[PDB]
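Participant: Next come the chains, spelled out residue by residue.
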Amino acid sequence: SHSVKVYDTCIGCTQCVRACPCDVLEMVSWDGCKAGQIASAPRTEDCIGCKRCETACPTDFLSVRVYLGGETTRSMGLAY
Amino acid sequence: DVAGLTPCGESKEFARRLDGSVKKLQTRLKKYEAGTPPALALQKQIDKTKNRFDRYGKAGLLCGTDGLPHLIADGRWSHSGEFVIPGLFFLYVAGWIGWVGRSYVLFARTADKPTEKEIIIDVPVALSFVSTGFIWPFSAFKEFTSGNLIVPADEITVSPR
Amino acid sequence: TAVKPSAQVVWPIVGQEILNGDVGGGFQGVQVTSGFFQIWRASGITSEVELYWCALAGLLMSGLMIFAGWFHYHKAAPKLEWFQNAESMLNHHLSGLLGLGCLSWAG
Amino acid sequence: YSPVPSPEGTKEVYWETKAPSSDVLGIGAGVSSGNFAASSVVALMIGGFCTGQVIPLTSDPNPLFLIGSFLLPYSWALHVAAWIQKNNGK
Amino acid sequence: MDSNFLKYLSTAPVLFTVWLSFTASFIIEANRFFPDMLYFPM
Amino acid sequence: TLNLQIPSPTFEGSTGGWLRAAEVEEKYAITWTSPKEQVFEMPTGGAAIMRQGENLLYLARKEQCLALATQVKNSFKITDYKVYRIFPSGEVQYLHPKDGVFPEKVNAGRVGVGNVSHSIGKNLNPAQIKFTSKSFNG
Amino acid sequence: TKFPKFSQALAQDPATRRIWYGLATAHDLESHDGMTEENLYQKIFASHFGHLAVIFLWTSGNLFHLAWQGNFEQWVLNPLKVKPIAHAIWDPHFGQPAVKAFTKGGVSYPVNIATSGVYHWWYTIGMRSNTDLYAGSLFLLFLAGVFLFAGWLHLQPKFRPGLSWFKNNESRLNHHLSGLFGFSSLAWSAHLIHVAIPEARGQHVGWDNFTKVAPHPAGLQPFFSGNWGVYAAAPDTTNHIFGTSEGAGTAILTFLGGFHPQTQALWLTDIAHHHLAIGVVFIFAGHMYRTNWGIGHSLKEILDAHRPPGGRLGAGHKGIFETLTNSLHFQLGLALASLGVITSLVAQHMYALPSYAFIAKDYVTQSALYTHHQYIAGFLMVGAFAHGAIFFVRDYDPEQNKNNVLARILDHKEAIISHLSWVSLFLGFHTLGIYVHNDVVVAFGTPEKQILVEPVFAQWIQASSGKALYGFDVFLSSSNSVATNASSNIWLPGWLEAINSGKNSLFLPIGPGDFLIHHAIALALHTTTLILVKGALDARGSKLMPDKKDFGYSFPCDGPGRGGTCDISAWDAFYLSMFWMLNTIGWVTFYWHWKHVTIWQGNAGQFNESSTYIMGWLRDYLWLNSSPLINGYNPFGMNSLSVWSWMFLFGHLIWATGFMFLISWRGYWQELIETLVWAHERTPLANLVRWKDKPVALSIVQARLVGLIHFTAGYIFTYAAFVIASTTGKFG
Amino acid sequence: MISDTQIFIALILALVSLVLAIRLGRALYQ
Ligand code: CLA
Ligand code: CLA
Ligand code: CLA
Ligand code: CLA
Ligand code: CLA
Ligand SMILES: CC1=CCCC(C)(C)[C@H]1/C=C/C(C)=C/C=C/C(C)=C/C=C/C=C(C)/C=C/C=C(C)/C=C/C1=C(C)CCCC1(C)C
Ligand SMILES: CCCCCCCCCCCCO[C@H]1O[C@H](CO)[C@@H](O[C@H]2O[C@H](CO)[C@@H](O)[C@H](O)[C@H]2O)[C@H](O)[C@H]1O
Ligand SMILES: CC1=C(C/C=C(\C)CCC[C@H](C)CCC[C@H](C)CCCC(C)C)C(=O)c2ccccc2C1=O
Ligand code: SF4
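Protein chains in written order, with our numbering: chain A, 1 to 80; chain P, 1 to 161; chain B, 1 to 107; chain D, 1 to 90; chain C, 1 to 42; chain W, 1 to 138; chain F, 1 to 732; chain R, 1 to 30.
Hints are computed from structural coordinates only; laboratory data are not their basis. A portion of the hints provided could be inaccurate.
Below, in silico cross-link-like pairs of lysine to any residue (SDA-like), each with a Cα-Cα straight-line distance of 25 Å or less [claimed, not checked]: (1) 48/P / 91/B; (2) 122/W / 24/F; (3) 23/P / 63/B; (4) 113/P / 92/P; (5) 43/F / 24/F.
One-sided and incomplete, this derived list gives chain C residues near chain B with beta-carbon spacing under 8 Å [said to hold, decoys possible]: (6) 31; (7) 32; (8) 38.
Cβ coordinates follow ideal geometry from the N, Cα and C atoms, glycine included.
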């Protein structure tokens, strides 16, 4: 399974969660940003590694990061 | 002479090249009537070939055993017109071109929207800049010595090491 | 059977006049393979005056087409209902474009 | 990672002063700068003299001048050591 | 001269094409009137 | 819970549907309610017509179900959809929305997983963590 | 699935990617699960033992296959007319005309004609019959078995060495310099003096008589007396016939210089004194570092002490000791770079100064040896830069290298890459402009308008070595120079005779084509250096991807975001630089082969007139020499070149196949495999059979590697078939 | 030339090397 990390440069714009096709990220309460929310990755076993969240992130060099690791049936996008 | 080469004005194989070119053009000339425009064009080509070989033979160019002029580029003044002096001519022009381009870049940063100046050239200002390039070495050196050409390393973006 | 077709002549600049080869007929030029000579022989063109008039007709038709483009975009642009007539377009293009064109060329 | 081993008696000789410490001279750490300079001059003379005897090399070279010619590169390290000792208060 | 037409003429592709043709015309006329310059003549 | 008796949208069938791994490894289900009978595009290729009321559909991948959910959300304004995971043993695992609230909206009780307490430029070099099980994040 | 036992993540992969990635990461021991440094070093030591055993088995196989199926005993008698046999052919797919056409070399069975030059090497070092070839093969089989047993033994408990033993720099340097370099060279000089030189003079020396047959009539008494020059008296006469006593001398150590006039190779006494001197010099180098007895140098003190006081190098070389000892990849890059430099040196110096008897007349063998070792050189240099990039990814500690030389490379990496780019673009713009200029002016009937620069610097160097062709009259081409009078009594006559005779490849005459092709070679070297250095220095991060070191040395991309990040890793820079390395060795081997064929044909003016423009290379070298290669088989018959005629086409096939993995990318093939999975699952009488691993498309990095492998194999096989068949058709 | 017995001796030595190579491969495989 791929590993998804969220760093404290996140501004809570919720774009990465909306860009995720596999429902891997979600927004949780936080006090580090003005939006009052930070992204989180509780469901990285469903992460395919498409990096649409990384494309969606507006903070200069990305706050959400996907590290490709061990490939599974879900992560390989296999319908077979 | 230099490197065992012979001057082109006394080389027998240079003469053989000239004779072969002249006969090759003359055998084409033989198939056309005198006064026809192809005949005049071929005779003009013959005249250019003869003038080129004559000019090359009297220029102090060195010819190898192949029959072609060989250039000397070790810095000696006896062939200083073969690489050194034309190169400086390029050095005149190219140092001109970059400098005027650099000048336009320094102009373009001062405009309201620089990118529009980048795609749509200010033609009077660009013509002023291309006029300015005739004294480019002294101007560029004074730009260098006043600290306006080289910027310090702490004002340039760099990647994490 | 003995004259190579040639309809391109180069200027002598840097020795490229060598490309004006001996194509026969007392002429020097670049040999052409587009087949225009055979088309003009099939059409009955026997002189270069007729080719000059053909060039003038082509230039006039180019000007007419570019004027028609400017008029039919910038002055009088047809509506979407005009473009969405497939039946009329096929009738006119089958009978008038291909049909009358074939008839006039057969003539 | 793992500790990098060195032979016994390896010290830290990294220097940022005008001259290195004398420890970089190893066994010659206690030789004065004057002795180094005199040995450099003497080595230069003997090596140049021996070399100049053996420039017309034959198939039977004299072994003594062959050994003495190796003092010619030795004098360079000797004057470097002389400079090192002179700026070390020695 | 319409200023919008002049500004269109001042665009990078038009000026690029005109300047490179102008430079090519210099090289072509120089080689037409002074051909076969392999060297700087002494 | 997943009601297995929910009727399915009217589909003529296609070759793009689920393979043997759906009945052997895992399968996905999506349910949603429509206000009217209307034609939608299948995520596997083809057009189907969903009925008025509840619709249940089976897929091979979660991403296909969420693509259908996004399609019906932006084309039919349907947001009540639920996505479940079904195993061959019959255990049904509810997937989306996990706590009933969509993941782009903050809900109480959610805990942050994978959050790092520094910027990405403060990650360690590999040479500190070679021959060591320390993470590169610190 | 437990094939990749070293990777749990790979072993849980349900697809066919598991087998491929286990195959490609099997020897990447640093990335394995739970690898410790001591286990890493011990496995590396045993693997090095295994590779040594493989090398010994290959050499023993060459020796055995020659002693069994060769014609060495026929070839020794007539070296310049008998074609050397590499090994026998037994192929049941052959028809009878192929059996007839490969029956060469004076034997009654199909054989391959040797291009490796083992005949000349083994004949020069004193082997004459098939018996000693078999005995050498047996000895190397035994030695390989000994090294296999040592590899097993040095992994057994109470023999596994510690990390302090592996990282003992001073002891390993002293022993490998004094013994592995020095005493091996001294023993090879001993073999030349004791065995090879007497066998070159027609007197048999073997193990049965080498203790009673003195190498010199005076014995070891002149050595022990200090009258060493007695060993220089009575050298081999210029009438000496190699392998016979006719015209033989009695000297064992000379420095005569030049070539033996019959073999066209270096004097064996010169080789013996050379290897003796190399042994003495290397043993003197091998007493330098302190190991157990107080005397000797310390490596850490030497590295830390050489900091220039002007501060231009920063802290100097402080911390380089620990960085080098702790990183096997930095060591591997240094070793591969040095090895590549010296195999390039071998390739140039062995054609220019051959040491093996009668090998300068074996044109196919010289071409094959040069091409082989130059391609090895390109591979080694690319590997050096690649493993240096791996050292930056995995092993570079900035905090241990504060203000170091490595850190200052990283701090002006942008200047280095920008100036490499500038010199590469400079070289390419003007070299291609001169070549295209010459093509255009020759096509227009005016070859006198070509730009032909005489390579006067290298001609001046040749004259400094004594070449009197160019009339420079300087150094060894001056009869009054101090270098000429210095060397007149020792080596100048033989060297001047060899360098001023146009019958060898010693400092071959050069013209404007040589100038252009060396500047093209400089272009290709600088551009490959640009790619490799830019890959190594941007391996840790760039502006597009500042956290690249978190992602490792090899990964496909960083996604389509930020503009797109295709081929951003340093492995991808290796992948791009492999094509440029193939291009550079291609240009070098094209130049070497075309020049040498034109000299050997007696038609060097064809090269002198045709190499200045690209059409000359395409027509007079590629098209002209392809005729015997493409006629190896035809509708009229076949001959012995046909296999190369096959292999040539084979290369043209497999090279093209590489393109498909380098042009077409993954998602198309992955969707096709989805369609194929549906087709197999839905087909009756075939869905009874099920795969155990799910079929997937090859990964991005894997596909780049596979396309590179097919491309490289096509490059190598095409050029090898072309050079061997062309040289055989023209000269053999 | 080489006889049959010499080839058999070489084959026996190669088989011994095969056994040693198998042992080294098993030792490296842990
Ligand atoms: C204003 C013009 C200008 C100037 C002064 C420079 C200056 C520089 N460039 Mg650069 N460059 C430019 C334009 C310019 N660049 C453009 C337009 C391109 C895209 C093709 C590049 C592509 C480029 C590369 C790929 C490289 C450089 C490099 C370099 C450096 C070495 C010089 C060199 O290799 O030149 C060679 C220049 C070129 C090959 C491209 C020049 C293109 C034209 C001729 C220049 C533009 C003129 C402009 C249209 C004039 C309009 C002004 C007018 C309105 C008044 C130097 C910092 C090299 C480097 O890093 O060295 C350290 C290097 O590798 N440049
Ligand atoms: C004098 C004692 C001695 C000797 C002879 C060796 C010898 C060797 N050690 Mg070594 N070693 C020693 C002491 C010694 N060691 C000590 C004391 C230590 C502990 C501190 C080590 C620790 C050690 C390690 C950790 C490793 C070795 C390895 C090796 C092998 C290197 C591979 C090889 O064969 O290259 C052969 C090299 C040469 C013959 C010399 C270099 C040749 C160059 C390229 C020039 C030759 C060019 C020439 C013209 C070619 C002519 C031939 C041509 C005609 C075909 C080699 C057998 C490595 C190995 O493979 O392990 C099995 C390894 O990993 N050693
Ligand atoms: C770049 C080459 C290089 C350099 C710079 C050095 C440098 C050094 N080596 Mg080293 N070495 C080298 C290569 C090199 N080595 C190689 C290639 C080998 C192996 C083959 C060795 C093997 C080696 C060993 C084994 C040892 C060294 C040691 C040393 C150090 C001793 C310094 C010294 O001799 O001062 C001594 C000072 C003097 C000689 C001054 C002269 C004394 C007086 C003034 C003489 C003059 C008297 C009088 C005026 C003359 C007339 C006399 C008359 C009346 C008879 C020194 C740092 C030693 C050390 O300490 O390790 C670091 C050591 O044990 N080296
Ligand atoms: C006559 C035929 C001919 C032609 C067509 C070209 C064509 C070209 N040359 Mg070139 N060249 C020629 C002859 C020719 N050269 C000769 C005879 C010489 C010897 C003096 C050179 C020396 C030369 C250099 C040194 C460079 C070129 C470069 C270039 C390319 C970019 C043009 C340029 O300068 O950008 C227009 C200029 C700019 C965009 C910025 C100005 C930068 C200039 C070059 C600096 C000049 C002043 C500077 C102080 C001198 C430093 C040189 C020093 C390193 C020795 C272009 C393809 C450049 C190149 O390939 O880039 C990698 C380059 O750096 N040429
Ligand atoms: C014949 C094929 C070819 C050519 C010409 C190039 C050319 C280039 N490659 Mg390259 N490359 C190729 C194949 C080729 N590549 C392949 C197959 C690979 C393997 C994937 C690579 C991998 C590769 C890498 C990895 C790198 C390069 C780099 C470079 C550049 C610097 C090298 C050089 O000589 O600069 C001189 C440039 C040239 C000779 C290019 C031709 C310039 C033309 C002739 C100028 C005239 C243009 C003309 C007027 C346009 C008019 C057209 C218009 C009318 C429509 C240069 C642009 C390097 C780079 O960018 O360095 C800065 C680099 O890092 N390439
Ligand atoms: C990128 C990567 C990152 C980190 C790791 C890494 C491995 C360090 C690196 C990879 C790096 C690369 C591969 C580094 C390896 C690089 C290259 C191959 C070094 C080439 C050196 C040539 C030497 C200076 C000499 C020529 C002889 C000179 C002294 C002679 C003069 C004279 C001699 C006496 C004799 C006569 C001739 C004359 C001329 C008269
Ligand atoms: C203070 C110390 C002074 C120098 C001492 C060491 C000098 C060199 C010693 C060499 C080894 C001992 O040498 C001793 O055995 C050698 C081998 O049997 C003898 O050598 C003799 O036999 C050799 C073997 O057949 C022959 O090749 C020699 O020509 C022959 O002279 C030496 O004549 C003898 O002196
Ligand atoms: C053709 C192609 C394929 C199709 C290749 C298929 C999947 C593999 C076919 C290979 C068969 C299965 C075996 C080939 C056997 C080899 C000759 C040797 C393999 C065994 C050795 C390694 C020991 C891709 O999967 C692909 C992926 C990404 C980018 C480009 C491409 C691509 O161009
Ligand atoms: S095209 Fe391939 S390599 Fe490029 S960004 Fe997309 S996935 Fe990565």
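Participant: Would you mind marking each hint as holding or not holding in the structure?
Facilitator: Results of checking the hints against the structure:
1. Annotation: proposed proximity of residue 48/P to residue 91/B is violated, straight-line Cα distance about 64 Å (limit 25 Å).
2. Distance hint between residue 122/W and residue 24/F is unfulfilled; the C-alpha atoms sit about 32 Å from each other, more than 25 Å.
3. Note on residue 23/P and residue 63/B: the hinted pairing is violated, with a Cα-Cα distance of about 50 Å set against a maximum of 25 Å.
4. For the hint linking residue 113/P to residue 92/P, the alpha-carbon distance of about 32 Å lies beyond 25 Å, and the restraint is violated.
5. Proposed proximity of residue 43/F and residue 24/F is supported: the alpha carbons are some 17 Å apart, at most 25 Å.
6. Contact between residue 31/C and chain B, as hinted, is supported at the beta carbon level, the nearest pair being about 6 Å apart and thus within 8 Å.
7. Below 8 Å, beta-carbon pairs count as interface contacts, and residue 32/C has one with chain B at about 6 Å; its hint therefore holds.
8. A cut of 8 Å between beta carbons decides the hint on residue 38/C: the least distance to chain B is about 12 Å, and the hint is violated.
In this structure, the hints that do not hold are numbers 1, 2, 3, 4, 8, in rising order.
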